[PDB]
Amino acid sequence: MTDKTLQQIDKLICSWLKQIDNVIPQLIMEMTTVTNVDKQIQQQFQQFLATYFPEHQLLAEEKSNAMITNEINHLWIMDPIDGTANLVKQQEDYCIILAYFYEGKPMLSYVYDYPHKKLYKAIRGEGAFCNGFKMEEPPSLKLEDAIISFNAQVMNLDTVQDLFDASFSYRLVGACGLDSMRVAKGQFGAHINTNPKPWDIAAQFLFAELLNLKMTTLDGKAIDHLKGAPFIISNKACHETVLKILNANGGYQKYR
Amino acid sequence: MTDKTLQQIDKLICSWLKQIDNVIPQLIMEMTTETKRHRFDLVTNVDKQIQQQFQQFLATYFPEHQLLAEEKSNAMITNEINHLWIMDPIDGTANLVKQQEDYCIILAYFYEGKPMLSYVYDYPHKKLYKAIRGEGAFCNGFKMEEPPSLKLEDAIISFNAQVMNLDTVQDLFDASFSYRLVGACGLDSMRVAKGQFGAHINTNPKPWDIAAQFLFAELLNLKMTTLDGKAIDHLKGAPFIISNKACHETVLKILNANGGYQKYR
Ligand SMILES: NC(=O)c1ccc[n+]([C@@H]2O[C@H](COP(=O)([O-])OP(=O)(O)OC[C@H]3O[C@@H](n4cnc5c(N)ncnc54)[C@H](OP(=O)(O)O)[C@@H]3O)[C@@H](O)[C@H]2O)c1
Ligand SMILES: NC(=O)c1ccc[n+]([C@@H]2O[C@H](COP(=O)([O-])OP(=O)(O)OC[C@H]3O[C@@H](n4cnc5c(N)ncnc54)[C@H](OP(=O)(O)O)[C@@H]3O)[C@@H](O)[C@H]2O)c1
Ligand SMILES: [Ca+2]
Ligand SMILES: [Ca+2]
Ligand SMILES: [Ca+2]
Ligand SMILES: [Ca+2]
Ligand SMILES: [Cl-]
Numbered sequence: 001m002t003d004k005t006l007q008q009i010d011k012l013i014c015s016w017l018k019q020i021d022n023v024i025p026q027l028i029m030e031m032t033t043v044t045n046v047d048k049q050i051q052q053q054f055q056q057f058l059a060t061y062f063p064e065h066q067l068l069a070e071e072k073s074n075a076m077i078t079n080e081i082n083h084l085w086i087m088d089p090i091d092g093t094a095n096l097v098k099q100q101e102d103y104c105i106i107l108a109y110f111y112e113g114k115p116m117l118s119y120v121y122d123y124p125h126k127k128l129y130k131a132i133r134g135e136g137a138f139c140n141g142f143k144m145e146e147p148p149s150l151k152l153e154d155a156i157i158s159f160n161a162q163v164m165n166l167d168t169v170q171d172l173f174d175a176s177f178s179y180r181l182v183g184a185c186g187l188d189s190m191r192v193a194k195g196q197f198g199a200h201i202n203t204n205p206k207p208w209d210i211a212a213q214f215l216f217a218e219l220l221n222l223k224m225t226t227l228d229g230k231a232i233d234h235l236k237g238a239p240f241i242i243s244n245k246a247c248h249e250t251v252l253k254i255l256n257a258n259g260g261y262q263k264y265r
Numbered sequence: 001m002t003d004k005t006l007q008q009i010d011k012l013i014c015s016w017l018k019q020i021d022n023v024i025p026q027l028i029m030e031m032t033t034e035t036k037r038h039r040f041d042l043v044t045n046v047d048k049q050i051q052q053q054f055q056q057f058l059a060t061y062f063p064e065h066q067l068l069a070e071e072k073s074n075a076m077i078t079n080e081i082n083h084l085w086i087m088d089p090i091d092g093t094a095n096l097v098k099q100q101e102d103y104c105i106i107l108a109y110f111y112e113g114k115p116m117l118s119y120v121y122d123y124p125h126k127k128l129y130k131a132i133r134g135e136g137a138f139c140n141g142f143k144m145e146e147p148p149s150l151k152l153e154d155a156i157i158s159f160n161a162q163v164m165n166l167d168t169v170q171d172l173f174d175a176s177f178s179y180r181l182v183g184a185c186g187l188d189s190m191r192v193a194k195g196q197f198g199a200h201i202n203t204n205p206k207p208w209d210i211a212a213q214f215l216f217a218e219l220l221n222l223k224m225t226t227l228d229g230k231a232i233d234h235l236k237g238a239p240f241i242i243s244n245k246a247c248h249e250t251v252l253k254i255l256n257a258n259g260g261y262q263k264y265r
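From first to last, the protein sequence lines stand for chains A and B.
All the letters of the first sequence, read from the start, carry residue numbers 1 to 33, 43 to 265 under PDB author numbering.
To convert, note that position 123 of the second sequence is 123 in PDB author numbering; the numbers rise steadily by one, no gaps.
You may find that some hints are simply not true.
What the hints assert, rightly or not - In the SDA-like style, the derived pairs of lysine to any residue whose C-alpha atoms are separated by at most 25 Å in a straight line are:
hint, chain 1, residue 1, chain 2, residue 2
1, A, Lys-263, B, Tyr-264
2, B, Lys-127, B, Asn-221
3, B, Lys-253, A, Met-29
4, B, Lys-194, A, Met-29
5, A, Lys-263, B, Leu-166
6, B, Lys-263, A, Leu-58
7, A, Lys-253, B, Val-163
8, B, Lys-253, B, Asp-171
For the record, the hints were derived by calculation from the structure and aren't laboratory data.
Given the sequences, and given the hints that come with them, work out the whole structure.
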């Protein structure tokens with residue numbers, strides 16, 4: 001793929017996301033008085058592909074994905090609303106996740122923090138950006154100096170306590186895409202999700218590559234972008250320590 | 001106090017908070033340029049400066065008005081003080097230092113002990129939550145209303161899990177819809193005020209962490225009490241909850257069951 005083609009696609013995605021701005025307030029007003046919001050955003054993206062990129066296929070949360078394989082050369086993975094609980098309960102702290110893979114290789118990635126008007130995007134060969142401003146590799150963060158984010162309700166409490174004690178503090182935004190972007194920005198040392206779907210993490214691959222983040226399974230391997238696996242996205246300086254804590258003493262799972 | 005006087009004071013405070021753009025952005029810049037070792041010290045220094053400047057603001061506009069804040073001695077501040085401001089110039093210090101986000105300014109005026117004006121300035125998002133007795137509560141001039149009823153099972157809750165025993169934390173997890181944490185008392189409180197969270201707990205706040213919230217709770221029909229359901233002394237602070245009216249009792253029940261929420265030993 002060329003830089004010229006990537007920019008053309010990028011230009012069309014940024015325009016689509018701007019059109020989304022024109023539709024979403026109405027969908028939100030209807031929801032208020043899974044949602045229609047998730048399903049409509051997804052359907053509109055499907056129409057966008059049908060119109061602009063007829064060869065491209067979609068793996069997304071609100072459709073069946075049985076026909077999506079590693080043979081598909083032009084693939085988008087979408088979470089149309091990541092943070093559905095935050096959308097419904099708070100109307101805040103949710104995002105749109107989009108990622109394009111070409112012959113299996115991450116080429117374009119998007120995390121749109123709509124409520125706060127911040128577009129994180131990554132373009133292979135160009136870099137990562139927040140609202141157009143180039144992002145750089147975050148400063149090194151040792152676990153003891155870093156805030157971490159994970160779901161404490163899906164782990165055994167002894168392991169949750171070990172994570173509390175070894176880190177600087179604990180926070181949770183509650184949307185995978187956003188908690189990940191805080192790692193990307195150097196605000197959090199690490200974000201963990203012990204059982205993500207492909208759409209929860211699809212954009213993050215390219216961000217992790219371009220910003221020198223560690224993004225691995227909880228066993229330290231590369232993740233299958235078609236399947237998802239227990240995962241971490243981490244600053245390079247606290248990745249090993251976090252994995253070590255999670256896997257010590259018989260591991261992080263609930264004994265329950 | 002008249003609506004005319006409150007507005008005059010309100011207008012002054014809003015203007016002063018706007019002028020805070022001359023201080024805060026510089027501290028934020030320095031969270032990048034100064035070494036890790038000095039960062040909390042820089043924040044506490046700028047906390048002290050913002051506080052002193054508010055002190056001077058009072059001396060010049062409101063000569064009898066006094067100030068209760070962290071960076072000054074408050075030994076002489078009593079229930080005898082007729083005109084009292086309580087201030088947290090930067091609430092959410094750890095978020096400022098580590099994230100340069102999710103921090104706020106807390107300011108509250110009490111007249112003869114009664115909450116009259118309150119401010120939570122979400123500075124990174126430029127969102128001024130303010131409350132005025134007789135007028136109501138506002139976010140950037142959009143008028144806030146009492147939130148919908150939220151039973152605990154349907155609500156997101158926010159608290160510091162590291163300061164409670166884990167059995168009680170588990171009971172809070174199981175009984176609520178979900179768990180979130182912003183990490184600044186003022187902001188986690190405003191999410192309760194907006195109906196985004198069912199409840200926020202802080203088991204050991206200072207007066208300045210919670211001073212604004214009294215008036216917001218009154219005007220928006222929120223329950224704001226000690227963890228044993230009493231009125232909180234605004235001069236002293238206590239273990240506290242701010243909650244939607246429909247999940248207040250259930251949360252307190254969970255916290256106080258089984259010997260309470262404290263850590264063991
Ligand atoms: N394994 C984990 O680390 C984890 C993380 C979150 C949630 N959950 C599970 O989700 C159920 C209810 O929601 P919650 O409050 O825990 O999460 P949530 O707060 O509703 O969502 C938190 C984040 O995790 C995603 N998510 C939703 N369901 C998930 C699942 N089953 N496994 C992993 N991630 C998921 C969300 O994606 P969408 O908003 O697009 O759904 C969002 O990005 C729970 O019973 C819990 O087991 C597990
Ligand atoms: N529920 C609680 O008792 C509670 C709540 C928060 C923090 N803490 C403890 O205090 C320390 C600071 O927390 P952090 O590193 O997450 O971030 P933080 O920015 O220091 O504290 C988070 C929030 O609680 C306030 N705070 C600071 N020290 C506190 C204390 N001892 N008790 C209650 N509230 C406090 C903060 O106000 P300022 O930014 O003005 O300090 C902010 O509103 C840790 O040891 C933490 O576990 C306890
Ligand atoms: Ca979703
Ligand atoms: Ca998701
Ligand atoms: Ca505070
Ligand atoms: Ca403070
Ligand atoms: Cl907030």
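Against the structure, the hints come out as follows:
no.	hint	in the structure
1	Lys-263/A / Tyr-264/B	holds (22 Å)
2	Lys-127/B / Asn-221/B	holds (21 Å)
3	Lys-253/B / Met-29/A	violated (35 Å)
4	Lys-194/B / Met-29/A	holds (16 Å)
5	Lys-263/A / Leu-166/B	holds (14 Å)
6	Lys-263/B / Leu-58/A	violated (54 Å)
7	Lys-253/A / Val-163/B	holds (24 Å)
8	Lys-253/B / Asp-171/B	holds (11 Å)
Of the hints listed earlier, those the structure fails to meet are numbers 3, 6, in rising order.
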